[PDB]
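Take a look at the letters that make up each chain.
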Amino acid sequence: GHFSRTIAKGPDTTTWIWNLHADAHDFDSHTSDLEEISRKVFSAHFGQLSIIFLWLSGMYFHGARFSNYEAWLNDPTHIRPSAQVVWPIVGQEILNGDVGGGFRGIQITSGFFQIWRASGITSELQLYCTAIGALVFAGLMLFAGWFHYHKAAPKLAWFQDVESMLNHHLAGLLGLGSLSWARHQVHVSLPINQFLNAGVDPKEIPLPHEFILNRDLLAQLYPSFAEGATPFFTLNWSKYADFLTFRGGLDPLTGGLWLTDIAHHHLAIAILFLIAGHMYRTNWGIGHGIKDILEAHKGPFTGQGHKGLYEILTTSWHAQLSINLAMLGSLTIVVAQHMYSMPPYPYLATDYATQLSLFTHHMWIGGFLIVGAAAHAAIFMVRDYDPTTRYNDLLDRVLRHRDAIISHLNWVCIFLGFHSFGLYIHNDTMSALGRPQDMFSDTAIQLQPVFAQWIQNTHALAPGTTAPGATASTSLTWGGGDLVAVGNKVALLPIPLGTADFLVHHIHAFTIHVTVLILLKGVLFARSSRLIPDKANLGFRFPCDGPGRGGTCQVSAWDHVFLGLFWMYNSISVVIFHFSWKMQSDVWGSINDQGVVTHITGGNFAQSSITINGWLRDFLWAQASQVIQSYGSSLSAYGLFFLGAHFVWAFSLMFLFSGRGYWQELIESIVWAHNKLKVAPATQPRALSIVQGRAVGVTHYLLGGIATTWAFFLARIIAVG
Amino acid sequence: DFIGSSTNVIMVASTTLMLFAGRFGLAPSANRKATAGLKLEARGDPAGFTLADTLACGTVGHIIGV
Amino acid sequence: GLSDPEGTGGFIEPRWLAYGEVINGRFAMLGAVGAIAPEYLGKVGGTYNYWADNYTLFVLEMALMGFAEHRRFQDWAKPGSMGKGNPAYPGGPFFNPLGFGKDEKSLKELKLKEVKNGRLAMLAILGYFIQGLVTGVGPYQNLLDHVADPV
Amino acid sequence: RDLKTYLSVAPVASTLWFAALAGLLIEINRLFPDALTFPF
Amino acid sequence: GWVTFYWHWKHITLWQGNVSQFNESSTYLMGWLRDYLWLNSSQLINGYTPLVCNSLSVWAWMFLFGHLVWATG
Amino acid sequence: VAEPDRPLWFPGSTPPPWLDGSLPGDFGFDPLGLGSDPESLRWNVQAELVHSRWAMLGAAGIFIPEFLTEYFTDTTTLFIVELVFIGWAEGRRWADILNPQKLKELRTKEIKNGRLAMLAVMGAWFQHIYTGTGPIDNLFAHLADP
Ligand code: CLA
Ligand code: CLA
Ligand code: CLA
Ligand code: CLA
Ligand code: CLA
Ligand SMILES: CCCCCCCCCCCCCCCC(=O)OC[C@H](COP(=O)(O)OC[C@@H](O)CO)OC(=O)CCCCCCCCCCCCCCC
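Residue numbers (PDB author numbering), protein chains in the order written: chain A, 38 to 758; chain K, 47 to 89, 96 to 118; chain 3, 86 to 130, 148 to 186, 199 to 265; chain J, 2 to 41; chain B, 588 to 660; chain 2, 63 to 131, 150 to 179, 217 to 263.
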């Protein structure tokens, strides 16, 4: 263990090697010095930023030299977005497929092509520069971490000034960041894209900087720019309304949100974050003591409340990390459900392959981060919770009636589980016995989601009534009778909600509640329990406390994250499935000359997603045919990864269904065979630890499982869309 | 432009002036509305010549919208 | 509190960086009048091109300047240099002897007026910047035009 | 300078070794691709 | 499982008078999952349909039943 | 044989403990330390030497194009004989590596000139690559104008 001297000491077993990586980032276990830790993590963030910066550089670089972005620009409707090319070795070249534009490459789903068009990027020259600028930044970030750990590391007092940090981050980064981007839009994005929508061709577009210098070129369209003095200083602001609007809805030619709206959006967001930035107290008087305000809230129910919080969230990283992970993950989820319903990029909605993979990617990232909040919340209870020095009282009570919260949450899951999954087992049984009248269906006993249907109804009648400035709807899923069709593809359409939609939402209610149960139970009972009164002394990550008390396996808070990790998989895995089928069945499709719309699966969602057999046949078995028939084509890799994931998955069950006692005894026989032939390693081979075997197990389970759909989805939408 | 200009540029500099009146307070030295308006209100008030031209353009923007 | 340091220090807090402030007191000075010199010596009687490309001069602008401005640090970092006739016995803040002929003359402070000439020439030459930039016309056009139509 | 060498002598050694091995194998396959047998 | 898979597939290809499909698809694992697992499931999983109900409805239900007990373990 | 006086590359200061000017040509250069082990240096030394000796000759190849302003069996044999010959040559040199105050001057000077050819021999080609033009004339042919 490099980090610690005794840890580094010497290796006698192979366990040392596994431990070395397991506690590599466990900074608070290497020192008790808070300042040393804080200094460590601060530099670590720099090293992170460098990697993602380098990551961005490669995306821009590949877009420049190894992509057909220019080719896609002239003909976005039926050119397939492709970056990265494969060298012709051991038969690889088959992965290079027809993507249009006289180019051989792998079709991509990151969506950079749609991003770049929105930014008004037109040439590889421009992409080439942005790649270098990113590399230059990557060099800075990496250097910056070295400088703030070996040359000039900040005091603990520096990090503790949370007020000053808050003011900046939601103003200096958010506000000006939104404002700065707002400027690029109306000066570069909006002018250039306006040309692109007129079929002018990229090379026939003037360079972005010519729009900024002379107003002439930018003023002929959006004639508010004509006045040099500008009506801004007149503070009338009504004149500006040509380049920015509150039109909403969707452009019928590009299928994305009007940049005419996004610019206005950021303009508002910017100063809204600039004003909200002027809140907390610093040095020049004006502002708030968050310590003071927090103290003020108290209650007949809470007694003292929030008192002492400021002390906790200024001396414990795991406390801050849990909160941030809980919402950053939650934010990623609402991002997924806002980009599908309100396509913000040109020719994004039309590109079905990108949309499925974008929504699905954000759902997992959001799902994982939330699970991580459970871990560090539990780590805080084990390592940083001290009532003697930092009592809160809010935390108390919670611990006081913890057997109550879990017991109730236990019940809700059983109620939800029955009233969700049971309905399906009902329908599966009534249909098998030949009685569809009996089933919970739109054709039989229907359970209409009238509440969701009512909220959508008011969103439709919103423009003009409760939203005068809004000419059109927010999203066309709330439209009513509107239909956008970019190319021969359908960008968006009002999404109906039936009894089949009532069931699946109740499954998400369920899966989320159970996931919450497992994780929350591990956080509250992390220190003490009737079973184990001194669990906190065993630590956060320990396998057990023996077979005693009937058996105390996975009593650790670590193991609660372990169990809740599978459930977060079970959860999302069915959200993305809901997304895939519903969009294919009732939204995505081709529109004809007459106006008749044919969907990919043809509206079979409403009466076939109410059955379990229906998902197993009309969804899995049906939509798999692509992946399992992708051999000999450009999507060959997806077919292999589909098989490859099924293996790393079943490979996990080996670790999950067994224990290390068997394996260690097996190794004994194998070490003997080695000692016979002088080939016994001085570093004695040991089996994985009880806890590691669980860690190894869940990783491969998630990998094989997640990866397996990845290949599922990406083979499906590409071959069909 | 001319006089008209200088009259809007002075009322976009007097859009400022009205949130001077919130809080203006006065009562100097008696009663206390000043000391009270210099107690919690204001920790100076050309920080509110500055808080002026910020929110004032907003108040006009909203008073037309409200 | 922008002013108060307390650093080791990676140089944002301690004494230098106001040291530089002292010395850009001088080439914002030589830079200014040295830039108006071609401007109004022609008063009596945008790429723009001179000789070759002036990136080549650069290599010789950052060459000699290198061989020059380099050493200067050396003194700072540590009194002696010692390579050439070269003497630099003066203190790191200033080394008047040997490159100022016959004079030797600093205390009034003048230095306080040379840093005063300093950061007014900073804003004088910081004038020149934003001046001829966001407008589109040079510093002497709008200035002449500004006493022309004040209001 | 003793230090850099050791540094290159840990599991990294494995990557360098397997990179060198891969390069050898791939290049062999370039010169002799689609090899189902040893015919000499 | 491997024994019974191997016995059944080689016979149902023989019974259909098409041993050619087995001889070519059994040499790679995608063949097993597609030409054996996927291919013979169609009539099974349509034991009961949102349109009709066959005599194979028992087996379609038990098929899902077996999945449920399995995952419960 | 130690002295703080050696003309360092970077004046005030430049003292790596490994370098000391005991060696000839010691201008105090090695931030990287590319040889802080005596096994490290003793090898680098020989390495930095043989190179130079060769580079000189390479220079003696720049001497021939100004005298005038390639085989009887191209490569192949010409190399094997070379390999077979310089082999044995370099062979023994290898075995030797692992098994007057006046002379210091000579050797200090030898390295520096030698250092020159390498920088030289180098220069003539990374000026020749990408830029198809000989250096033969350039001294006063490019001196006509930058
Ligand atoms: C410039 C070269 C340089 C050198 C010679 C050192 C040397 C040292 N560092 Mg510093 N460091 C550097 C740059 C450097 N560092 C930079 C640029 C940063 C900012 C991120 C840091 C941040 C840092 C911290 C926080 C710490 C050190 C520490 C140390 C000391 C122990 C080394 C160690 O941590 O163990 C291991 C050596 C490694 C190289 C570990 C690998 C980490 C790298 C970054 C992985 C790269 C990411 C990788 C690409 C991820 C993708 C993997 C993928 C293939 C799967 C050692 C003296 C530690 C110390 O002082 O001891 C108490 C310590 O706490 N360094
Ligand atoms: C906000 C981001 C964040 C940060 C800064 C941390 C930071 C930390 N975590 Mg945490 N964690 C997070 C998010 C985060 N976590 C989330 C979202 C989860 C839920 C999954 C967790 C779950 C978790 C657990 C269970 C534990 C930690 C622990 C820790 C601490 C040290 C552990 C370590 O060194 O890593 C070690 C790194 C490894 C062992 C590498 C493992 C190999 C990875 C998992 C494979 C990834 C597969 C790859 C992506 C795809 C395949 C590639 C391959 C085929 C080549 C450290 C303070 C440990 C602790 O005790 O806290 C002090 C601890 O046990 N975390
Ligand atoms: C698909 C899942 C799976 C796989 C692949 C295995 C594989 C194996 N099991 Mg296992 N097992 C499983 C599930 C699985 N099991 C389950 C669900 C249970 C019930 C709990 C068990 C219970 C069990 C018991 C009780 C035993 C085994 C044993 C074995 C080994 C038998 C040796 C052998 O035939 O081939 C050798 C190995 C393989 C065929 C697979 C190795 C994987 C690949 C081929 C290695 C190549 C790596 C490649 C380079 C990728 C690199 C990755 C990169 C990130 C570096 C073999 C490793 C026995 C054993 O340990 O014998 C020594 C044994 O005692 N298994
Ligand atoms: C502080 C040091 C310094 C000094 C002493 C100078 C001095 C000079 N500069 Mg430089 N400059 C400097 C710093 C300095 N500069 C810096 C820091 C920059 C970067 C911003 C520049 C950028 C710069 C540019 C771009 C140019 C100069 C030019 C000049 C020359 C002016 C010639 C001219 O066209 O204007 C006016 C004309 C005259 C002064 C000629 C006077 C002629 C008199 C009136 C007699 C006329 C009779 C006629 C010649 C017949 C001959 C009869 C004979 C017997 C007299 C002059 C030698 C110009 C140049 O290089 O010349 C080609 C020029 O274009 N400078
Ligand atoms: C498909 C297999 C399966 C099933 C059915 C369940 C079911 C359940 N799990 Mg489990 N789980 C599983 C696999 C499964 N899990 C796996 C593989 C893992 C590893 C991660 C876990 C990890 C796990 C954890 C950590 C937890 C659960 C919990 C629960 C319970 C949530 C409460 C509930 O919904 O009750 C309702 C029951 C059902 C929905 C099952 C079907 C009910 C049938 C259709 C109705 C009854 C039929 C009929 C009347 C029987 C009579 C016939 C007669 C002849 C007997 C529920 C019993 C949680 C719990 O304890 O409750 C909160 C909990 O904490 N699970
Ligand atoms: C039929 C449709 C009509 C809807 C009504 C029923 C649906 C809503 C469920 C009623 C819950 C009552 C909330 C009272 C509002 C409320 O929460 O009061 C909050 C109350 C206020 O305490 P204080 O006044 O002290 O708060 C201030 C200080 O305590 C803090 O500084 O605190 C408590 O109640 C303590 C005990 C917790 C109570 C636990 C009950 C939790 C309910 C769990 C269900 C969550 C549902 C969320 C869905 C989005």
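Derived from the structure by calculation, the hints contain no laboratory data.
Backbone N, C-alpha and C fix where the C-beta goes; we use that ideal spot for every residue, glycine too.
Treat the hints with caution; some may be incorrect.
[What the hints assert, rightly or not] Okay, derived cross-link-like pairs now, PhoX-like style, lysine-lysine, Cα gap no bigger than 25 Å in a straight line:
#, chain 1, residue 1, chain 2, residue 2
1, 3, 186, A, 188
2, 3, 230, 2, 226
3, 2, 229, 3, 230
4, J, 5, A, 240
5, A, 188, J, 5
6, J, 5, A, 526
7, 2, 219, 2, 229
8, A, 276, A, 240
[Said to hold, decoys possible] Partial list, computed: chain 2 residues near chain J (C-beta under 10 Å):
#, residue
9, 81
10, 91
11, 94
12, 95
13, 97
14, 99
15, 101
16, 102
17, 246
18, 248
Hint-by-hint comparison with the structure:
1. 186 (chain 3) <-> 188 (chain A): Violated, at roughly 34 Å.
2. 230 (chain 3) <-> 226 (chain 2): Answer violated: residue 230 (chain 3) to residue 226 (chain 2) is near 53 Å, above 25 Å.
3. 229 (chain 2) <-> 230 (chain 3): 50 Å, violated
4. 5 (chain J) <-> 240 (chain A): 51 Å, violated
5. 188 (chain A) <-> 5 (chain J): Since the Cα atoms of residue 188 (chain A) and residue 5 (chain J) sit roughly 22 Å apart, the hinted pair holds (cutoff 25 Å).
6. 5 (chain J) <-> 526 (chain A): Outside the cut-off at roughly 58 Å; violated.
7. 219 (chain 2) <-> 229 (chain 2): Distance of about 16 Å is within 25 Å: holds.
8. 276 (chain A) <-> 240 (chain A): 32 Å, violated
9. 81: 13 Å, violated
10. 91: Because about 14 Å separates residue 91 (chain 2) from the closest Cβ in chain J, which is outside the 10 Å limit, the hint is violated.
11. 94: Holds. Min distance 8 Å.
12. 95: Holds. Min distance 5 Å.
13. 97: 6 Å, holds
14. 99: Status holds, d = 5 Å.
15. 101: Holds, because the Cβ-Cβ distance from residue 101 (chain 2) to chain J comes to roughly 9 Å (cut-off 10 Å).
16. 102: 5 Å, holds
17. 246: At 26 Å from the nearest chain J Cβ, residue 246 (chain 2) fails the 10 Å test, so the hint is violated.
18. 248: 32 Å, violated
In terms of the numbered hints stated before, the structure departs from hints 1, 2, 3, 4, 6, 8, 9, 10, 17, 18, listed from lowest to highest.
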